[PDB]
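One chain follows as structure tokens, the form deposited without the ligand.
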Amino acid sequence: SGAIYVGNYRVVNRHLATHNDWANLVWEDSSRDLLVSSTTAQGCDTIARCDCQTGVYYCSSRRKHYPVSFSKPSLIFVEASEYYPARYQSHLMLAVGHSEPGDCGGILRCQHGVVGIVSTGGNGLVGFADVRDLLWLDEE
């Protein structure tokens, strides 16, 4: 689990979005595993605007932050999951690291701020849904 809170936006994994998230839907992309909902409270997170390929992510299944090198956001084939069929996920960044299903929502961060959230795992890889292209998260 986990979310990004920026302005009046809550960014979550689309497959973990709650009734409240869907009732307050701003934007969702199935191909990216992202959903953004509106919030009444002002969020404190800053989104990275950059093309960093290194950062640190939080891994709930290890209670650890790990530094990683990750690929630029791409269209990648993602095996079967208990929350998705085998399919192509877009805007996905891969690193070598540990990721189990409950690690979804762990934040990847660089010096510029939040890069994305854990979205995929298995085979010793961790996949992160990029948010840095969603420039609209940064105003109203």
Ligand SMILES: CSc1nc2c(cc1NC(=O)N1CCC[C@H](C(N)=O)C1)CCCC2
Second form
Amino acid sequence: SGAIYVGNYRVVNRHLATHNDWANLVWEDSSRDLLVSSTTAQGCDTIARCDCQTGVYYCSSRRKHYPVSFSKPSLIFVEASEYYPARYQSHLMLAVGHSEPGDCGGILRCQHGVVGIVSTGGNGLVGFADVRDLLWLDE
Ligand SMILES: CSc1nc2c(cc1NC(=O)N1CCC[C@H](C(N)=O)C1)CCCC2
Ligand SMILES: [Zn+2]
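So the form deposited without the ligand is up there; where is the form solved in complex with the ligand?
Expanding to the full complex; the earlier chain stays at the top.
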């Protein structure tokens, strides 16, 4: 679990969005596994606007942060799950690192701010949904 709080927006994995997220919907994209909802309180986070390919992510299944080198945002095949049919997920970045079900929502950060959130996993792999192109989160 996990979310980004920036301005009057809350960014979460679309597959983990609550009834309240959907009732205050701003934007969602099933192909990116992202959903943004509106908040009444001002958030705590800054979004990175950069091309970093190294950073640190929080891994809830280890209660620890790990450094990673990650690929550029791209269209990657993701196998069927309880939440989605088999499909290509866009704006996804992969890295070698630990992840397991329960870890989605963990934040990936570089020196400039928040880069994205955990969205997929593999055997010794972790995938992150990029948010750096969503310039409207800043306004
Ligand atoms: C960290 S999540 C995770 N981790 C692992 C496995 C599986 C998962 N789960 C997923 O990848 N998804 C399920 C939820 C929707 C995700 C999506 N973006 O389409 C896909 C298997 C075994 C190794 C670890
Ligand atoms: Zn950066």
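Numbering follows the first chain given and starts at 1. Heads up, when I say rigid core I mean the largest set of C-alphas that superpose within 1.5 Å between the two forms.
Relative to the superposed core, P85 undergoes a C-alpha shift of no less than 2 Å between the two forms. Taking the core as reference, the C-alpha deviation of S69 between the two forms is 0.1 Å.
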